[PDB]
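K.L.:
Next come the chains, spelled out residue by residue.
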Amino acid sequence: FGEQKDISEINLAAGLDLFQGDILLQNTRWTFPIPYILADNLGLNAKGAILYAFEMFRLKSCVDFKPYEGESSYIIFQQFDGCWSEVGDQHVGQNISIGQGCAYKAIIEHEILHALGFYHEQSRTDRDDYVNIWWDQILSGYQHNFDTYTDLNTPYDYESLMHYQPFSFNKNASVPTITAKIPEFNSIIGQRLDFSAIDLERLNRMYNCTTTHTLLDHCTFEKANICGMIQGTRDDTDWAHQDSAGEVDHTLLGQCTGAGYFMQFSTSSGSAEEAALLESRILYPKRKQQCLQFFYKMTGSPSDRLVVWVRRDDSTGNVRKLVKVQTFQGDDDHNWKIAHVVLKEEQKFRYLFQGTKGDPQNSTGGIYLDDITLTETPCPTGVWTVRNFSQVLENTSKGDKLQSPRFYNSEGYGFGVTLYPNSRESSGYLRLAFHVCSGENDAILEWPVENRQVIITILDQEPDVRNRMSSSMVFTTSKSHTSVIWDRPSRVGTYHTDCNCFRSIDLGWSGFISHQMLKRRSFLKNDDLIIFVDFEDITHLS
Amino acid sequence: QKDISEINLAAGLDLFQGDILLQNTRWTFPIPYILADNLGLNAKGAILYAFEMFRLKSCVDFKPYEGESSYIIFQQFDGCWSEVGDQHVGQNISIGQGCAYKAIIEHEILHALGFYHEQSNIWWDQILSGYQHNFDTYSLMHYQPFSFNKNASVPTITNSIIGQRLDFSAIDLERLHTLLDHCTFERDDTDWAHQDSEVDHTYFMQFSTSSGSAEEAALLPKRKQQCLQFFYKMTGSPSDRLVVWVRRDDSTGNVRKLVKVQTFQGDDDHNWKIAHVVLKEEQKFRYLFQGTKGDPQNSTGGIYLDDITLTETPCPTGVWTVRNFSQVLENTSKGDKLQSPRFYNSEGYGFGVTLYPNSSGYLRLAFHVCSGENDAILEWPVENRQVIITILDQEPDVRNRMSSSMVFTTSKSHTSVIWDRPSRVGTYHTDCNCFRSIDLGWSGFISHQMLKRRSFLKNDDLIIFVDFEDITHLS
Amino acid sequence: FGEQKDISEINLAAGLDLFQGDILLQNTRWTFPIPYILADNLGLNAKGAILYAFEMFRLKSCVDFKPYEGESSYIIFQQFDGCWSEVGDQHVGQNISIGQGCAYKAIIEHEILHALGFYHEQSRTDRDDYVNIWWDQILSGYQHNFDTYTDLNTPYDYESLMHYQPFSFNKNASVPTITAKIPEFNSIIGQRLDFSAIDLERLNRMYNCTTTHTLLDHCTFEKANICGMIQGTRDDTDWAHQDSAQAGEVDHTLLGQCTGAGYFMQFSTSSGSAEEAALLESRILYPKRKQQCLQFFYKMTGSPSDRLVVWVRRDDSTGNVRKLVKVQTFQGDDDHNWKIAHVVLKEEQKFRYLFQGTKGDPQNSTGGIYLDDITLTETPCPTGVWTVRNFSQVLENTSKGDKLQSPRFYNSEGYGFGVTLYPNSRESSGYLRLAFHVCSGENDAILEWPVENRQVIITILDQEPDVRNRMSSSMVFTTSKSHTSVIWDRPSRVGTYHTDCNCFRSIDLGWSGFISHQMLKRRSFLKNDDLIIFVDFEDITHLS
Amino acid sequence: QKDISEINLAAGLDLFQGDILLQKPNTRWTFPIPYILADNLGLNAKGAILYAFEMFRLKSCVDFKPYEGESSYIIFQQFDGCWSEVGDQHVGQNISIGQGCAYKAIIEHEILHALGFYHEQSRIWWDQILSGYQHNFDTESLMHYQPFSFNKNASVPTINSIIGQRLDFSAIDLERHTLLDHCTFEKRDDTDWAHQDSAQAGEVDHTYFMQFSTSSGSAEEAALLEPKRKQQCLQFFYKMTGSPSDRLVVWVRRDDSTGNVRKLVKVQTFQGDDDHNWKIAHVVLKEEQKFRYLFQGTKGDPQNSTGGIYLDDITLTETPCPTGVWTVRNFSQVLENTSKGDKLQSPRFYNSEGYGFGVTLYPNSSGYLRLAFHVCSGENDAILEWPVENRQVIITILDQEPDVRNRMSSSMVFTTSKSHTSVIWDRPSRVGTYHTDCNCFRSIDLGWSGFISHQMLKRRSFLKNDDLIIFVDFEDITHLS
Ligand SMILES: [Ca+2]
Ligand SMILES: [Ca+2]
Ligand SMILES: [Ca+2]
Ligand SMILES: [Ca+2]
Ligand SMILES: [Ca+2]
Ligand SMILES: [Ca+2]
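Order-wise, the sequence lines are chains H, D, E and A. Read in order, the letters of the first sequence correspond to residues 37 to 62, 72 to 194, 200 to 295, 298 to 535, 542 to 600 in PDB author numbering. Read in order, the letters of the second sequence correspond to residues 40 to 62, 72 to 168, 177 to 194, 210 to 229, 236 to 253, 263 to 272, 284 to 294, 299 to 303, 313 to 330, 337 to 475, 479 to 535, 542 to 600 in PDB author numbering. Read in order, the letters of the third sequence correspond to residues 37 to 62, 72 to 194, 200 to 535, 542 to 600 in PDB author numbering. Read in order, the letters of the fourth sequence correspond to residues 40 to 63, 71 to 169, 178 to 193, 209 to 228, 236 to 252, 263 to 273, 284 to 303, 313 to 331, 337 to 475, 479 to 535, 542 to 600 in PDB author numbering.
So that you can see chain H by itself, here it is in the shape it has in the complex:
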């Protein structure tokens, strides 16, 4: 794929001269939902990436989008030269361009923020206060892209998705055109992760947003009211709200004395098959599917059991009907784990955790919970936790590699992630690459695999899913990838002993994230690197 280029490099290479690089110039605030059209010229990877960007907006703001219906104003997405947009609505159909390199989540989010009404962060009048502009290092004629002019009463943000990178319109790669007056920020400006917390604040103050479209419930256990959860009465005992005073919480990891709370069910005493029930408050879903994400730990007997249940409506408006959803079992890990459970609730319901004592005569520990989130989105297909990443990074040379355990999609395709901690082609970067694995389904499946989107995402472990800045990369499997890479691994795959399976050649972004960035933004919380991977058919957008 190659290193992701900045929008200013793309539009310069495309021979454009729009105002401020990506802004085109031919009462101006939208009324939600914004009508959209994905045009036929727009490539399949770009269509998929645009719909992934819309899910981020719904998870983090009140912004929403719909297919066209004969409405007054609308956004048409097309594959023209360069990445560009027209700032604010303009009352008859406006056009966003995404083409020949623009198909990245953060670049599409950027072009949509222009259409919502935002200008560049560095375009504000008070740039001369926060950043230096090296005018002698800007390319000839392109100085006009650094001119200024709108009072939402908010501070200047170096993390803003709407900021230029240190090397924008730059005549020699050795010397940046922009530098921060606070030196720590020189490696922050022009990030391509996600919306900053100040970007979401400004979007919400401009559009009177007070709630998001796809977040139902969120609980870190840090308030004594336990987020309005309730304890069972028909069960033998109760969950204790503990305060981190030989264990640490996942919200703060014991870095704070007193602060830091988690729920515990002690398995070291009492009768076998005694249980404790923790239940949510009544929730009202707005989609057919939800993902319950939580962090848990087990140290007791292997026979101890954390079961996830739903109690849903009886169709008469009484929340009485139980259903058993997933079971987690005790083992030898003894560290905090991430769990995902797919719910499918179409009517009002509650989520319940049932801890149960398996062998209390041979247990000296228990079950722990922290950091719950419920979203109205699909759950990540594969999740890979690399323990002790800092030590992995210090013990590996350039071009040493780790491989995930084998994973499987809904159709039954097998796949995995290869991690190189010290990237061969990019010194000081981590390289992630995607490979297909042979499996028990290879005869019912189609080959070569095509039109499936791969989404790889490094999780920012921030407890509030709104403020997470997770790094993501996306691609679509195509016959144009040759060495065809995606043919049945049996014919061309390099055999591996650890799965008794054939792995395809791996085609992945050489620079996924810098080592410097990995250190910050809670990505390596607990020194665990957490990678999400999705592999899904997008042929229906064609």
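One or more of the hints may lead you astray.
Footprint (simulated), chain E over chain H, 3 or more residues, beta carbon under 8 Å [as the list claims (entries may be wrong)]:
#1 256–262
#2 306–317
#3 333–343
If you're looking for bench data, these hints aren't it; they were derived computationally from the structure. From the three backbone atoms N, C-alpha and C, an ideal C-beta is built for every residue, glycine too.
Please arrange chains D, E and A with the ligands on chain H, whose structure you already have, making use of the hints.
P.N.:
The following block gives chains D, E and A with the ligands in isolation, referenced to the frame of chain H:
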């Protein structure tokens, strides 16, 4: 189970032909219906079960009475009766206590749909005085041999079929929504072979596993939910595997998106078997069987399929197949018993069936609740859950089936309360490592003559379906 | 004054039988600003208390209030029997009653939340999951006030100002009618401090609020961008940003409870040349009133010759922020603990606040200037501020009816006054008593006596840096000729002499149960073991 | 400072009566006069014109406002010479303020022409006039021709020591908005202020005076004696012979917003010391609604007091107060005892932005007094901008006359600029000389060697009480750029 003529005689009624109230005349579907508050919750659940049978075997449909010129209201005021024919005005149907059995309910509804009795030799000298007019002239709709009878030693009508209470006969259905597909058979590496009687369960489809490479394979709605039923056999390696897949629409009108639904793994029972798979398809789709070779050298047989059906109904919560039932019925004295495996419902209650092949001249089934790993999250005593026990008619076409069924609702009135948490009221059995409740059921569930009568004992297998569902929402 | 009564007791004493104790049941959301009328029957203390409640709404939400002027829907405040309101926007007229005894901040805030559209927390459909109703302990014929009657995806709030106290409609004072299922919350339910965080979240979701009318700036320094502040270029050095991990350093935001987190600004005075300085400066701020209060925490361990100067830079009338004006000077002294400062600004045009540090004699200084927890609000600064050191040790070492007295403060007119604190209240076991008194001073000959129609507002500062999440306890009264033992005549006549001020103090008047000890220990009121009290004393004759 | 006739002669101009432009029924202005300050007009000249307009508003009903497109507007520009068109032309008309015309009395002259006036010139030493110019003599006043105007030989006047003054308007020039209150006293508390008639030796008025005695009664006994702009200056003369513990407090009572004036705000406190002479006080008021000023006298120690508090000559103007004030006692003795180049230095004064400054006085400059401004290092220096530029120095010798119509205060103005070198206005610790009296560096003095003549001081009331009172102002005018 008492007869309708007995129930109405015991109620002290004197209706036309024993169960008709005499106060064009054909319905327009769906029939608008209202369930009265007086009507029992157990009766309401049984009435819904009867409605499902009507939709499955006939065009007849039932809808809530939001507004219509004519409709049916079900009452428990006095005995069991139904005015014959649509009255052009809202009519009335009575479901007497002791007549909640599904058969009795289907009978009353057949009168509302317009039927008179099938009999309408008669021994007039054996009839009760003052009831001879119920035998005047002018199947589920026939009198029993001892209807209005004065002396149990002699019948009023002459035999063993008449006044059956299984289901609609094929003639009752001929004289009168939820079936999608049915078949008796009469990109992948290899094909399934269509083969002839290695005897058919009804022709059958065979995928051979005795040759070639490992992991070679062969491939063969109006509501929200469906049940796929099929018969299968495996004789190859225990490594061999039958997989059930759905291919569904991607919403562009293209059935392409695969989803894996169930896997069946080879095992040492080499007989034919019955499987149920729940499909949850809300758009157009296909069901696919993937056969796959697990270890060809070790394998000396194949995978076989026969008697497929797909219905828009919930799959049975547990299924038990008692093998060599003729030999079981011979090998058991009165009060010898068999117990099913430990099944579970959606709420996680554990349960089973106890069978006593010699009850006199009847088989006896009884339901019991087993302790399970969910006993702490569950509610006790269990109430307002309906139990359905059914003996399957193995007839492959679901329209033609006359499956025996019985029903009851768990209630604090059942004492010896039988339904409290089994660890406190029940007794420990080593064979499940579990506590079993007292067993409650019917001493007369089916006659030994009946099991022989309608191919229930095909392959000498007896197949029992059991369901245990919360019906509190009807209250 | 006595103990503050609950709204249920006040209406029950008035013999009323309203819906849910305080609702009158004669598109239903308001359009801001809400038109209001303060009726002629409404007493002077109630008028002053209602205007004080409107300033809380403008600090914590987008709610705002304006004069009648002939609009179709308006709130009329009147002095009928009981404390009660209608619910929502009638669109014709709405009466809210601030009866006798209703004139306390949190009661007026409650009635205004009813008019904004809120019902009680203990009447929700899910309630029976979260609290127990002891039906045998309710008074005969009042059980309808605990019946169940709006879904915003918000959880059940025990802290809600809209929740009933444990003894509401109770037949026996020893047994509660309500108890929380989570047992810690039994002393939280029915609090009368302020809006909870969840109360404000629900108010803001229901009205599409994203900002507040009277907050201009806030900064705790916990983000490395220093909340949009900038360093000076014309000065001699820079302010550092320090992490509280070093021995002998501690941030005011988290007080080292967290480790590897907690930040403050430092200017070192332990080296360099005399009269070197450093500037730290705000973003460009746009005021919407004539007056502002800058509140910040500071500490000075350096030479008593070191100086912290607050400056403003304001617009020159060309639209360029260039004109400097000097505002306040703070000097080094021997109290090395954290201190609270308040500086009044009077800016009518866009401006920037600046802190200048200055090194005086670094030859003999081993310390420096420290800053944390800045806030700027469009409200008048507190007239007097009293910090009681080691309060937990004071509370343990004092007996019942021992006392402490504040320094002597002055109001704008020049009246001298102070606060008397009794840590272990005589009349209210487990409470702290605060009481006001007037002190003789150098202005007693120009001032009017007996002092009447002035309003006293006493507040205990919650110390939470983000002003939207403070739950400060506040109490109010108006000086009146009825107060006799007249208490408010010139202190040299009616007072007693005190050797500590060489002055005369009036008889002290206030609330014996000002706050419970359990409440002070729960929230940030005793942060660092400093208790911070604010007091105000202003003329409200113009509301008459 | 040169005369206007010399400035227009140096420009080589030949205008009607030397400074009137004639462009060709009855014409006369209707106030306020609309005006424009042109972009070509230098920064010192813009500031000097605005100081001249405050004199018009302080002394007359004349007023000035910005352009609104009416038929008549006056545009001020930097052409050659100082000149004007007499009276309203009924169209836009121009005033020229050339190089050297920035002095207030020259601007006041050109404006008097714009209002409509002619010189008092009337039927002169013809043999002393420059060849050809004789027509400019055809037929205290500011407009009166200077004695040496249109003169061929500096040894002899053409036209005695009063004529052609450049102080201010005479009373007669005013005879041909910003004063609120004025009193010379000549026409809840414990006791009263005594109106007193100067009948006791050693107790004489500054002009009758108001007296609060401190030699009897109890301590802390008191007596009380009780707008079109946002800001006002209360000027008064006071004296305090009593205890150093005695106080004079200035208080304001303002409208409470019901229309009743009851609220009291403490404004300034003045404290007794061992200077028993009359002092001049300035108190800034900031009143936007109706109000009363109050003086509270208070007895500090009646057991160690043999005197009192005295007040005289109150005035209240809707203008900023003077930034710094200096009172040179016994000037007549100073002027006799000093030689050429002996000096006195003012106490350090601070503007609103915090720049430290002062004045140097040389009493014998020949026969003139020399005043010069300097910047002093102070506690703010690190935070201030340097070199200081675009701040306007005004130095004024107050004519002590209590009625503000009758004052003729000598005033000079300049604007700090990088062009001033010997840059004089850089930070005094870099470019100045250190002094032990202030413990501070002082920048090089810049000012006028001929600020006023010793003759002019005697004629006016500047030397009342043998006090010379100097006012100084140092304010940012960058916004006029
Ligand atoms: Ca936690
Ligand atoms: Ca067959
Ligand atoms: Ca801090
Ligand atoms: Ca600096
Ligand atoms: Ca008096
Ligand atoms: Ca006088």
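K.L.:
The structure should be examined with respect to each hint, and the outcome stated for every one.
P.N.:
For each hint, the structure was consulted:
For the segment 256–262 of chain H, the stated coverage by chain E holds: 4 residues have a C-beta nearer than 8 Å to a C-beta of that chain, and at least 3 were required. With a threshold of 8 Å between beta carbons, the proposed coverage of the segment 306–317 of chain H by chain E holds, since 5 of its residues qualify and at least three are required. With a cut-off of 8 Å between beta carbons, the segment 333–343 of chain H has 4 residues touching chain E; three or more are needed, and the interface restraint holds.
Hint compliance for this structure: no hint is broken.
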